[PDB]
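The chain below stands alone, shown as structure tokens; this is the form deposited in one PDB entry.
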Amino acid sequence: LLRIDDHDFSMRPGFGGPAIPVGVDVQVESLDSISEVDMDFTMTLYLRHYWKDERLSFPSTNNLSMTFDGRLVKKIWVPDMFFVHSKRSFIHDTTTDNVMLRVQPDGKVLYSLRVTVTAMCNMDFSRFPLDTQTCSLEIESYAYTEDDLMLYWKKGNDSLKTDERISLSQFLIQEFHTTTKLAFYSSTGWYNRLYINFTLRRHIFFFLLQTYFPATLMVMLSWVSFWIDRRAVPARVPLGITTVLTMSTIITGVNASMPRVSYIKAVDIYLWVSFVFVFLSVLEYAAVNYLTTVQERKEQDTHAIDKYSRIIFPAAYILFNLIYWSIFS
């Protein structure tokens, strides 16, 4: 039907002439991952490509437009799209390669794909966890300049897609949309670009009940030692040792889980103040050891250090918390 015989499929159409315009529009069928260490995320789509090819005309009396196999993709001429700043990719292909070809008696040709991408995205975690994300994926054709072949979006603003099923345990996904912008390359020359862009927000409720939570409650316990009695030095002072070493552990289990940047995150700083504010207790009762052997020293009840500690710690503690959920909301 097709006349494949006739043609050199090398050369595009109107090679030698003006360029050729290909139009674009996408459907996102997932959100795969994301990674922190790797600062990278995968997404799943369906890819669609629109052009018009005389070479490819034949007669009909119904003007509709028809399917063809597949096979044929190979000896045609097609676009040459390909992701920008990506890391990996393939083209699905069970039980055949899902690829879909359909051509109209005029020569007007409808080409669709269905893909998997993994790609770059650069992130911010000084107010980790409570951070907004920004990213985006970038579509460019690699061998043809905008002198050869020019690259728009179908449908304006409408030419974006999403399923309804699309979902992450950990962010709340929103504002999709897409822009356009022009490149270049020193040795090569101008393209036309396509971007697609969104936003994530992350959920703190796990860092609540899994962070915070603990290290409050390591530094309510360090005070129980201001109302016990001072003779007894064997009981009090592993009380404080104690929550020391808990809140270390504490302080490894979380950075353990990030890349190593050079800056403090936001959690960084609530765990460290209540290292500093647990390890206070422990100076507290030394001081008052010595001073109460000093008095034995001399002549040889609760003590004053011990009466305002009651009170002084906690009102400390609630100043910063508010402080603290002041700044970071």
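For clarity, a rigid core is taken as the largest C-alpha set superposing within 1.5 Å between two forms. Numbering follows the first chain given and starts at 1. What changes on going to the form deposited in another entry:
Candidate set 241, 91, 72, 143; criterion, C-alpha shift of 2 Å or more between these two forms after rigid-core fit; matching residue, 241. In the core-superposed comparison between these two forms, residue 104 has its Cα shifted by less than 2 Å. Superposition on the rigid core between these two forms places the CA atom of residue 129 less than 2 Å from its counterpart. After superposition on the rigid core, the Cα of residue 295 moves by 2 Å or more between these two forms.
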Contents of the next structure:
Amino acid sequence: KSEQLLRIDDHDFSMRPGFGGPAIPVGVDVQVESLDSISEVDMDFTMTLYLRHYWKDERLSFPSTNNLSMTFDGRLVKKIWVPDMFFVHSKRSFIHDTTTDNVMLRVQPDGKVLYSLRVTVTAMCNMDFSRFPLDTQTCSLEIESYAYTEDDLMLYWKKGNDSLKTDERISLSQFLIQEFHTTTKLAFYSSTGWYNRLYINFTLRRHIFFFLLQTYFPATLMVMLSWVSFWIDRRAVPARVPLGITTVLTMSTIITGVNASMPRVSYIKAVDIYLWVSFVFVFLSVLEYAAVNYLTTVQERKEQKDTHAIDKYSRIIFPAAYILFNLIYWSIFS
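After the form deposited in one PDB entry, can we look at the form deposited in another entry?
Only a single chain is listed, so you will not see partners or other molecules.
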């Protein structure tokens, strides 16, 4: 029996190695396999990865006439001491178990141990949509010991920044992913003390040009279309009136359709400001002709008892104001 080469019943494996003395160092490496999904309304993401641990325990040393190591599956985990890592700020997680538990232990003759398992985790990520669609988001995954303070267990990245590897074809459908790196920081709990925490950081971006074509283009086109009435004969009322009202209807169907396709986030974003300002422009172009038609009728009635000046000024004033608004908007939102 291989479990008799390790004197399992001769030691108390409910206490850590080096109990009573300096803290035992534990090194960690991570390999990220994929990014599975992201939820903008609930503000979280899901990832699948491999987690590896490295430490030394003299109680597991065994004699050997060679330098070969012994390998075990997850059934041995319940008989020895192992570190208790958990994921901070997570919502759910599980360990894969097909066709059996995805766990491995390798023991060197001198007592060095490698501990490897495959896991899937869902973690929270606070997001800010004020600058949508030109927003940038930063996310992280955090690892910590549940019950051991820094006086008993010292947790660190085994090879610094070389301890993190990512798959060559990692991707998300609606985002671009960049800038993976690691950091560390100490955390304080009033109930028990100080703990060391490890982080994995990355950044997300959208495809701007899609949103530009999809949203900003049609609104600008309809605003330019509403200016055509300034060049039409003012005597053609049955042509001037339906044009304006139909332009208003069209802008409304555009805005409704654009709403239906964005994530349901109930506060003001940049693209709403652009859309609503454009709608106000279309509205004012209808009031302009109402004033022209009333003044012309008044003059004709007075007389019985050429281009109007308002059209001449509007032809210049409307585009300049729209250009100025665009300059200010794009200087503010980049």
